[PDB]
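As a starting point, one isolated chain is supplied in structure tokens, in the form solved without its partner chain.
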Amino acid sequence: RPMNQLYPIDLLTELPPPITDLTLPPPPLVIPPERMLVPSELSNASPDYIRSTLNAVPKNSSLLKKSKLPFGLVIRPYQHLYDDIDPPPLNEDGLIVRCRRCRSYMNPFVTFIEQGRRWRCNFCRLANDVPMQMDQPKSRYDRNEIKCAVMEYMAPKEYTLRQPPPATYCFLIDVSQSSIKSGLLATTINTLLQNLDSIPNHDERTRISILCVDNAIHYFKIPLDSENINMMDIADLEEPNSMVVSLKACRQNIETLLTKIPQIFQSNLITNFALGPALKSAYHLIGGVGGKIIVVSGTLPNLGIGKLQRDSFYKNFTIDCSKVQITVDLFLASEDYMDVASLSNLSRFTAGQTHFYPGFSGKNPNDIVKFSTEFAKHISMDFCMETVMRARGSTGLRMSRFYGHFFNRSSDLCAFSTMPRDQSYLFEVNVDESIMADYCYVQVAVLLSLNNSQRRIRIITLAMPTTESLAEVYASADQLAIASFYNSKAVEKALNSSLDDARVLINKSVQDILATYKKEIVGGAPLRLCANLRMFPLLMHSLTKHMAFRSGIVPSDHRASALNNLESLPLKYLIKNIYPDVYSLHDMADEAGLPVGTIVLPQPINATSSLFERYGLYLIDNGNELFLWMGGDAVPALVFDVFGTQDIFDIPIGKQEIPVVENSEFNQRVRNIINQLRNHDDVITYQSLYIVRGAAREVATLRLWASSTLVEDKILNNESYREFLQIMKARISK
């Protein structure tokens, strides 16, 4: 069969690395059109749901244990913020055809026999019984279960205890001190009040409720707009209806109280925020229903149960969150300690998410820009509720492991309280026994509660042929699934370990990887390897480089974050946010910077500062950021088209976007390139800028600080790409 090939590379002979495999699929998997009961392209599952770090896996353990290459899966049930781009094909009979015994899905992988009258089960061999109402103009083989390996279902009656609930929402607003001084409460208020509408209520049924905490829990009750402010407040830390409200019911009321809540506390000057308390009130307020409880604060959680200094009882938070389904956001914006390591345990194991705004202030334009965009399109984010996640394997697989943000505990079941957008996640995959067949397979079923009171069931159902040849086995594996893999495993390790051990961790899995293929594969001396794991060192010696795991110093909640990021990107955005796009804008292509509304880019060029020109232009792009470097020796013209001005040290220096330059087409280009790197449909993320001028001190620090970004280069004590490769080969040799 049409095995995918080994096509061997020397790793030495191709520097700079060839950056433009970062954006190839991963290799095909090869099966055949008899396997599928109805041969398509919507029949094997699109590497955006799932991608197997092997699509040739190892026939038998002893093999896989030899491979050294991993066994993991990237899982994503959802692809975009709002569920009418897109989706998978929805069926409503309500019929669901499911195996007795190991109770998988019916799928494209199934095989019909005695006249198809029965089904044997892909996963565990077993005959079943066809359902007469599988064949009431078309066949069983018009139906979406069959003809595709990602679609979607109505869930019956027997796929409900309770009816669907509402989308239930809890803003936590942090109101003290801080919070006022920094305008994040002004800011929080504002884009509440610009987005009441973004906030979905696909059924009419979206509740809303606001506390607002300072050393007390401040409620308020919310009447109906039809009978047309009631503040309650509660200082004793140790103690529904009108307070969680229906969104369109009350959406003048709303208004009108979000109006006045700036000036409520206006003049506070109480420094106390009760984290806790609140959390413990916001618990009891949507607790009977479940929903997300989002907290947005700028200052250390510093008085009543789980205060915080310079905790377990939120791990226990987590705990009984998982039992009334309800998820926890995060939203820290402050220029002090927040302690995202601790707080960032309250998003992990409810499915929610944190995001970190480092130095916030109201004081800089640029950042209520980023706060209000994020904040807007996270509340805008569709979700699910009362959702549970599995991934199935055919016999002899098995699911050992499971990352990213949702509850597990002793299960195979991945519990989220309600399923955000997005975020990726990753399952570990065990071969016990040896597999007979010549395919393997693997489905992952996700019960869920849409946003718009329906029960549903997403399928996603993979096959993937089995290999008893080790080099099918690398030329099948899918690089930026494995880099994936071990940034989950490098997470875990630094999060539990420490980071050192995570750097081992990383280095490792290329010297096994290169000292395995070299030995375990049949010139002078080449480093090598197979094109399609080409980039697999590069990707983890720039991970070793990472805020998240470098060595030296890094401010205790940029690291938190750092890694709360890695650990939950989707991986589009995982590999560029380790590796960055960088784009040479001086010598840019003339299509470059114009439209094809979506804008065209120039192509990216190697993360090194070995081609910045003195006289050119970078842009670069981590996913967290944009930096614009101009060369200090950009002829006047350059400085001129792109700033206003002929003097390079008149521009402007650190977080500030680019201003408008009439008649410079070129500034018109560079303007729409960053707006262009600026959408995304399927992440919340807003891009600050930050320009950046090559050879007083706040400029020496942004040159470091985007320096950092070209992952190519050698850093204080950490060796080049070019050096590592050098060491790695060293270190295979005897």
Given for the second form:
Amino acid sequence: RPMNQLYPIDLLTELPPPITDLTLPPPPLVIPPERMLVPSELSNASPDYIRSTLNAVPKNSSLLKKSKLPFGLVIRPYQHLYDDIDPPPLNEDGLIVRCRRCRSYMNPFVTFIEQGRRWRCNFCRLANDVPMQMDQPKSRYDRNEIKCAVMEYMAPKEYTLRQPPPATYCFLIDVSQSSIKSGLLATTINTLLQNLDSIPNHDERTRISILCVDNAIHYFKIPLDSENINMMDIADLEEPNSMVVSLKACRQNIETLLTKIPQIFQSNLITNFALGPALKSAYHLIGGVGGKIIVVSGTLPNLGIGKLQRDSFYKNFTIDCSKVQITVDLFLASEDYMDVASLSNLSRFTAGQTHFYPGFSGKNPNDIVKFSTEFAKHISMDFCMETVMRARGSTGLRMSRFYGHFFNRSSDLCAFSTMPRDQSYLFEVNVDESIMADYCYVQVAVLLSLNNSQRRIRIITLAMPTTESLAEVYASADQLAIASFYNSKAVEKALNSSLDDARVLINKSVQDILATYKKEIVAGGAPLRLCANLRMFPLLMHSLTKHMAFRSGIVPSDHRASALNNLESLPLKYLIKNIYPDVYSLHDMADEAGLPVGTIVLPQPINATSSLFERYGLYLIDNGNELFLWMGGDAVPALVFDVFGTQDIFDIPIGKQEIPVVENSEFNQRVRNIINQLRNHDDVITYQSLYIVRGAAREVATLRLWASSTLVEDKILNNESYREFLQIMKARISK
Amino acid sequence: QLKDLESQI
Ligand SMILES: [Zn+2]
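Let me have the form deposited with its partner chain bound next, following on from the form solved without its partner chain.
Complete assembly follows, chain above in first position.
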């Protein structure tokens, strides 16, 4: 069969690295048409939903161990913030065919046997009976579960214990003084006010709740608009209807309330924020049905249970949330210490997320833009409730580890009190017994309660060829999925062991693979051998060791915890960009670039190195977190003019600021076009602030420093360049 | 505890 072939290369001959490789699809899943019931491109799981580190699975343990390559799965149930965008086929007749023994679901790889009266399970080979329903003008072959690897069903009654719940929201807002002064409360109230119709309400059932919190927990009874304020204070930190109300039936009233809140605490002098007590109030408030507790704060918890200092209450809280189906999202925005390391656990183990906004301050008009945009997209994002996800492997395959934000203790089941849309997950697969078939399989199942009062089951079935050729295993290795694997292992090693240990782990992943490819595979002088499909692996890991998450040196605790929290939950596509940035050379930008094709055409990305930064050029750096517009110090007045209006480069805007609208400048338009395009994604909430930097007072040095550190291919501080990294590796895998 | 709605066992 056409098993992917090995394409040997010399890493030393590919410097600078051919980074366009980062946008290439993984190695093909070689599956002959006969193994699929209805052959098509939809017959095998798409890389967008699931990516195995190995698309040519080792036929046995000893081979897996020898390859030194990891076996994991980058799983991503949803692709967009809104379920109306590109949904998979949806089954509705209620017929769910499953194997009696392993419980796997009917899929494109089962084999129909005995005149097609029965079916042999591809996961455990058990013989199962074909329900007479299957053939009730269409045949069984017209069914989505037989036609598609990725599809969905309307779950029957026995997959539910209680009627699907309504989308419930409880906003826990910090109204203490730090929040008033920074403008966080205002910005938050405003954004909600501006987005009440962005919040999903597909079944018109969505319920909301508002908790203002300082030293006491402030409640609000909201009447039905149809019967036309009540603020109930509770300072007793030791201690439902009309508190959690219909977003529709109380639309005007909820609006009326949000509008007064800013006035109510307009002159609050209290600096206490009882997160602990408040978190408990919200729990009791929505625990009878479960839902989302979205915390907005710019004040370190300092009163009541759970207070922190410059805690395990939270971890136990998450344990409790898993019982009542509650998820906690956090938006931490302040110039002061927030202990992201500790609070991020709330979201992490409840399937939610924590968003950290360093130095947030209403005084900077641009701080507001970032927070509101992201907070708005976050509340407008669709999600599931009471969801559980598990992966079933074919005989010989076992799911041993699970990474990502969710709740998992001692089972193969991952619980999501709510399943967001913007995160990714990873499962480690161990091969115990030897695989006997020429193929093995993995099937992800997600039992969920959609935010439209419906119970569904989303299935993702992936088929991989087995092989006993070490060459073939490497030839089909997914460099990016593998990069992701080690990224998660690194975060764990970091968020649990040592930061240095994580660095050590990262580097070893490269050393072992390089040493293995060298000894296990067989004219020249001194190349650093590897195959084309793994050609970006050395770069990514090396680049990862320079990321704010693993950097040697000094990084503020919150900025580090945050970076670590992000790398662990980012969708593959953005994880890679967060590790290795897209850099654009604008001054010599092709004419198509900056203009439509309403999607803007982007210039081709250049290597992330200051080597290519001409002192007279214009460059745009995108690292998934921010955007840096770098203009050379010796840029021609024409260029300086075409972009900002003046000709004095020293008269250019500096720092976190937007690019001015320069009339009659078509170039100025194309620049603003590229920046706006880089800002729209229908899959993440991220709004990247723009930083303008001038090259060749102390603020200007700081910006150059920051922008410059994004170019991960360069020697940065105490880390060698990529060029040297490779040389270091070559010296190590030598005798 | 080792028993869930998705397994259907
Ligand atoms: Zn089976």
